[PDB]
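A single chain, nothing else alongside it, follows as C-alpha cells in the form deposited in one PDB entry.
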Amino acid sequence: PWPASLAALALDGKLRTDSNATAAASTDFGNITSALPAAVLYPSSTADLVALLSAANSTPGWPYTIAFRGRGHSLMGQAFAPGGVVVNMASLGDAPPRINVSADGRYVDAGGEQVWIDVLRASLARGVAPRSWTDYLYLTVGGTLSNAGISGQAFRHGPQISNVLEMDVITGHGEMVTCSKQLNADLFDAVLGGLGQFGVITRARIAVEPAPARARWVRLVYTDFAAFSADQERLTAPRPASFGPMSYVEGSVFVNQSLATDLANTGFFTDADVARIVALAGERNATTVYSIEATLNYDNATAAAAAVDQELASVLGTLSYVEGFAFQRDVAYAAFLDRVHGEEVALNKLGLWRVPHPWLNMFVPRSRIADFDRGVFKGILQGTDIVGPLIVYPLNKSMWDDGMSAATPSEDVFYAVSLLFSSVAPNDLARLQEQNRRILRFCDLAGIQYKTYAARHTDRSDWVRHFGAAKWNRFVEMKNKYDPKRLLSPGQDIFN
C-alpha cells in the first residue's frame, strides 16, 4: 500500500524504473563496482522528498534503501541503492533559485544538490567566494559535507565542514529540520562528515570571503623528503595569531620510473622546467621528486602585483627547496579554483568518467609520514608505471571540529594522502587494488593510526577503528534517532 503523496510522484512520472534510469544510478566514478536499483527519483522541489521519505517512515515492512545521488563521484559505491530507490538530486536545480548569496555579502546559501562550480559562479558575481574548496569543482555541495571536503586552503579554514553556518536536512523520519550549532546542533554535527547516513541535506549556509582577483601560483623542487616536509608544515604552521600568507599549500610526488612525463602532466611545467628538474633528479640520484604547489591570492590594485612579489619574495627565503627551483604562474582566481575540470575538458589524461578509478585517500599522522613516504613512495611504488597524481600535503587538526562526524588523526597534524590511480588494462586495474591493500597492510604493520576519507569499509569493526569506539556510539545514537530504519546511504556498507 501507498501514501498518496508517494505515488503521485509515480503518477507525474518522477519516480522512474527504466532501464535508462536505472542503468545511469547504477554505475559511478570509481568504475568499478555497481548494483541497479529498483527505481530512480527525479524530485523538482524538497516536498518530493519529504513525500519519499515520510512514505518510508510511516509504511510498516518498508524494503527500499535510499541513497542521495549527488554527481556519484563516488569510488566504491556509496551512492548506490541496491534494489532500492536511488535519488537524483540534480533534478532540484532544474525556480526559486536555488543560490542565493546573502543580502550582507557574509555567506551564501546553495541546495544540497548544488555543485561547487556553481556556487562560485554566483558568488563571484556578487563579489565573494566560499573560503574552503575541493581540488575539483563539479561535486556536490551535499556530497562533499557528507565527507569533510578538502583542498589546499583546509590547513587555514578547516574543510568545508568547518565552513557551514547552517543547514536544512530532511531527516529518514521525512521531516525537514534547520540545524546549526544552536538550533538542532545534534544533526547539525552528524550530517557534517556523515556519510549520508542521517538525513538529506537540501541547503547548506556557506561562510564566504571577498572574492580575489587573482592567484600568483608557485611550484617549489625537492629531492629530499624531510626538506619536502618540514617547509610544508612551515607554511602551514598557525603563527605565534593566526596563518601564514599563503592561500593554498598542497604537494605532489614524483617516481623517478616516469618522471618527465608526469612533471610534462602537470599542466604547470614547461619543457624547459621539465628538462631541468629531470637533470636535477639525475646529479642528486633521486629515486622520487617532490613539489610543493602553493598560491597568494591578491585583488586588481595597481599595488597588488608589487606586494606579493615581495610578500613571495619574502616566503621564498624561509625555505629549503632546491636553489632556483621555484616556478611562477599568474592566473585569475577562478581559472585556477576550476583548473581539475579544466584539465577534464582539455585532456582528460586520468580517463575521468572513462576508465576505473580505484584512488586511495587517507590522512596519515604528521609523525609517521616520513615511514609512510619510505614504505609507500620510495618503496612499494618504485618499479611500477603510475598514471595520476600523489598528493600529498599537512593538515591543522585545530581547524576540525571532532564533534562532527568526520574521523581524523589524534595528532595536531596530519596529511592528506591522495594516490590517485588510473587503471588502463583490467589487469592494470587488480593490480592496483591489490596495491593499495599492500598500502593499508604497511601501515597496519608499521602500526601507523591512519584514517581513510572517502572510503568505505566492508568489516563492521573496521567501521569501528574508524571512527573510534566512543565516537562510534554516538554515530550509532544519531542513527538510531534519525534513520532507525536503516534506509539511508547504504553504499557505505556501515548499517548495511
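Each form is matched to the other, and the largest set of C-alpha atoms that superpose within 1.5 Å is called the rigid core. Positions refer to the first chain, counted from 1. What changes on going to the form deposited in another entry:
Comparing the two forms between the two forms on the rigid core, the single residue of 324, 426, 317, 383 with a CA shift of 2 Å or greater is 426.
Core-superposed comparison between the two forms: the CA of residue 346 exceeds or equals a 2 Å shift.
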The other form holds:
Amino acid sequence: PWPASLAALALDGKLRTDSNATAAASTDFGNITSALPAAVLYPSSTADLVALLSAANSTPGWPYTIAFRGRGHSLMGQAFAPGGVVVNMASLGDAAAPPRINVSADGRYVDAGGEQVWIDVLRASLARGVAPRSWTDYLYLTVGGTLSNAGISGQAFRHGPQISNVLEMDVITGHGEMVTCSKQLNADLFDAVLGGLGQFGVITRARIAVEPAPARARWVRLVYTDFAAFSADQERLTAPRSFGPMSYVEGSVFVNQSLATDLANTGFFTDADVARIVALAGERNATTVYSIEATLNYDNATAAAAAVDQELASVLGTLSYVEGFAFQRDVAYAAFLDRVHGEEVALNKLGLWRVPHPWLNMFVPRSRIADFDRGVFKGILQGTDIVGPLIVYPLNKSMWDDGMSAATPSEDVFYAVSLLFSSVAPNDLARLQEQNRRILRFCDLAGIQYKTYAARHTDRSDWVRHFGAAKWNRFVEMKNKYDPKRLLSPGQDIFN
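The form deposited in another entry is what I need now, so please give it after the form deposited in one PDB entry.
Nothing else is written out below except the one chain.
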C-alpha cells in the first residue's frame, strides 16, 4: 500500500522511473562508480520531500534508500541510491517563485535552499552588496552538498569551513519531520547534519552568514623551491594574531616533470613568468616548486588601490619566497571566486572534464606535513605526468566545531591537501587509483593521523577511525535518532 501523498507524487509525474531519469541520477562527477536508482524524485516543494520521507518512515519494510542529489559532484557515488530513490534537489528551484535565495533585511545573512548552487547564492548576495565569507574553490556545488561535507577554500583559516558559517537550517529527518535547527534549537540535529554526509536528513534551507561584499581582490602568487619556507609562510599568513590581512590563502605544488605545463595551466602565470620559474627550479635543482596563492579583498574606495599596495608590500616583506618571485593580478571579487568556472568550460569542450576523477582529498596535521611533502610530492608523485592541480594549505582547528559531524585532525593546525588527478590519458585510472592507495598506505605506515575529505569508506573500521571511536558512537546515536531505518545517503557506505 502506498500513502496518498506518495501516490500523488507518482500521479503528478514527480516520481519518475524512466530510464532517462534513473540514468542521469546514476553517475556523478567522479565518473568512476555508478548505481541506478529505482526511481528519481523531482520535488517542486519541500512538501514533496516530507511525503517521500514520511512514507518511508511509516511504511514497514520500506526497501528504498534515499539520496539527495545536489549537483552530483560526489567522487564515489555518495549521491546514489542503488535500487532506491534519488531526490533531484535542483527541482526545488524550478519555480520562478517564491525565491530560493533571500538576503536578510539586515544584510547579516542569506537564506538559501539546500538545492541552490553557491554561484547563485553569490550572485543573489552581490545584488545586495553582501556575500558569504567562506567558500569552496568551485562554485557549482549545492549549499546542502557542501554543508554535508564542510566546504573549504582559502578563507577557512580565518572564517572556518562553510559549516562554521551557518546560523540555522531547515532539515527533514529520516522520520519525515520538518525541523528547524541551530545552536539554540535542536542543536543535536544542527551539529549532526553539518558535515553529516546526508545521513540524518535533507537540508532544505541553510541560513548562511555574510559579510559586506568586497569589490575587488588583489591576487598574488609567491614562488618557493623550499617546502620548509613555503609551509612556514603559509602558516605565518594564516596564524592567529584576529588574523593577518590576507583574505584567502592556498598553495600549490608543482612536480618538476610537468612544471612548465602545470605552471601554464594555472591560468595565472604568463609564459614569461613560467620561463622564470622553470629556470629558478633548475638553478635550485628542485624536484618540486611551491606557490602560495593569496588574496587581499578590498572595495572601490579612491585610496583603496594605493592602500592595497602598501598592505601587500608590508605582508610580503614578512615572507621568504624567492626574491623577485611575487606575481600579482587584480580582479573583481566575483571573478576571483568563480575563477575555476572558466577552467571547466575549456576542459569540457576539450572533452577533459567528463573523465574519471580519482581525486585524493585529505587533512594532514601540520606536524607531519613536511613528512607528507617528502613522501608524496618529492616521493610517490615524482616521475609521473600530473594533470590537475595539487593544492596544499593550512587550516586552523579553532575555526572548526568538533561537535559537528565533520572530522578533522586533532592538531591546532592541519593542512587541506587536495590532489585533483584527472584520468585524462586513456585508461590511466587504475594507475591513479593505485597511486592514491599508495599515498594513504604511506601515511598509515609513517603514523600520520590524517582525515579524508569528501571521501567514502567501504569498511566500518575505516569510518570508525575516520570519526574517532567516541565521535563515531555519537554519529551512531544521532543516526538512530534521525534515520533509524538507515535509508538516507546510502552512497556514503557508512550504514549501508
